[PDB]
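So this first bit is one chain, no partners, the form deposited in one PDB entry, shown in structure tokens.
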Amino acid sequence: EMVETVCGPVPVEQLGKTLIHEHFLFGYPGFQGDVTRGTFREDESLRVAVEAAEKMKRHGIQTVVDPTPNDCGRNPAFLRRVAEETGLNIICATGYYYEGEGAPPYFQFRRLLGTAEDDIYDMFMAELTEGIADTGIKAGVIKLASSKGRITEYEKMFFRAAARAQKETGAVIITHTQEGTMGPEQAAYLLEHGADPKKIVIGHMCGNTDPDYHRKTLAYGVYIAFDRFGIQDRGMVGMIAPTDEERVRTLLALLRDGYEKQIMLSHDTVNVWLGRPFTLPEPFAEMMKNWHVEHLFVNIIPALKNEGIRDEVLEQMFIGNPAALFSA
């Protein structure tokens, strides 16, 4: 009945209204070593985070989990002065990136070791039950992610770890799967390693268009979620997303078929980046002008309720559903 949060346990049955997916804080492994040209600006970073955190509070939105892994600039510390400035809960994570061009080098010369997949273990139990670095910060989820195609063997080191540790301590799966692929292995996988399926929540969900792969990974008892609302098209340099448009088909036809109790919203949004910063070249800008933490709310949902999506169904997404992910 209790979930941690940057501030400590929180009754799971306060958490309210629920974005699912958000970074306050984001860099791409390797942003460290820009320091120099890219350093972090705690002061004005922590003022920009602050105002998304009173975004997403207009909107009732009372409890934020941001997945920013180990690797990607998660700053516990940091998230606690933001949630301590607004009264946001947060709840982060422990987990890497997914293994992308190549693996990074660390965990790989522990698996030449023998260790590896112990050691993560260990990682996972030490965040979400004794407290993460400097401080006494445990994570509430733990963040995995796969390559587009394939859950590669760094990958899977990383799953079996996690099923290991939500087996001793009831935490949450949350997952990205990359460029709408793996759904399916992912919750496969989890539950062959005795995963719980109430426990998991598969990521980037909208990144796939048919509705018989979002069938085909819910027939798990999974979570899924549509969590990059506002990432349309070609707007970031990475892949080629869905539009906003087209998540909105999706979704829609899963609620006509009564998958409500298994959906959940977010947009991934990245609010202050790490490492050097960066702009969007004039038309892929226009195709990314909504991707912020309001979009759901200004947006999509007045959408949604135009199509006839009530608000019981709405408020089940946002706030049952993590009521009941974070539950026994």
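Under this definition, the rigid core comprises the largest set of C-alpha atoms superposing within 1.5 Å between the forms. Residue numbers count along the first chain shown, from 1. What changes on going to the form deposited in another entry:
- Fit the rigid core and compare the CA positions between these two forms: of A133, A219, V237, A77, just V237 moves by 2 angstroms or more.
- After superposition on the rigid core, the Cα atom of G102 is displaced by 2 Å or more between these two forms.
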Second form
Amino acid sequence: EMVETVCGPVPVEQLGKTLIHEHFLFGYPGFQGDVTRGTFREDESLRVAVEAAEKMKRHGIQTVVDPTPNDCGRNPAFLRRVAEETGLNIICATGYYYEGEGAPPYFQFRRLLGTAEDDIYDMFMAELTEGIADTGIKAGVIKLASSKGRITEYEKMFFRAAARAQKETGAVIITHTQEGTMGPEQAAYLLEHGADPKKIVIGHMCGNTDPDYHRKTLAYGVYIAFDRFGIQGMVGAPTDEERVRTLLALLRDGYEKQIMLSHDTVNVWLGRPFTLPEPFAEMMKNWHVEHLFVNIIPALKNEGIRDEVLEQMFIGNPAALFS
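Alt. form deposited in another entry, vs. the form deposited in one PDB entry above:
Nothing else is written out below except the one chain.
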């Protein structure tokens, strides 16, 4: 009946229209070391974040899952400020990034000590049931991530710890797949360790344009997310045109109750400001929190997708997921 948001427990029935995957803040591991030229401008960042939140509210969004990994600048206290200000529900995560772009040296060390998996489990349990540092904010989801073409042994420690923690807490698991790979593998591995498919979201599934890969992942009974609308050119990404074509094939096949949509936006980048070169920038020009509503949804409607299906995805699915 309840889910933990950054402002405390909230009835699942009150979540309403939800974006399953967006980042208010995000930094690549190592951004901390660039503190002198890349310092965190709090007031400006909160402005940007609050504005992003208001744009979502304007399209009827009431809830956001922000699955920023512990090692990528996750900041629950900041999230709580964004939420207090806007009345938005924000659910945060506990978890580490994938080994390739995460910060593995620390838990790799604890693996040599032979305590890693249990320490990770302990960390999950603590942040889900007690609180994150001294914020007294609890995570509402566990965040897992795998590398391209592989779930590494480092990554598997997290997967195994997450299944254990989900068995103990009933927590929702949300994943990152890298460049359209390992969806089926992720679902299978989690299920083999007793994870509950109705509590799992395989993320970045839109990274793969082959509907059979999707059906293979969907066969496990898990949710899948097309959560990178707007992202074009970078991190191996397909086009929105392909995202839509794939999504339409699935919806037409009756998979609406297993699909959620989002953009994976990064509203404030941690570390030093940067600008993409307009080979990529203009390809990435619709990567913002309104893109789904302004561009994608109308396109789906013009292809015969009905309001009931849209509602299933944005409202009914998150409610079922968290309950």
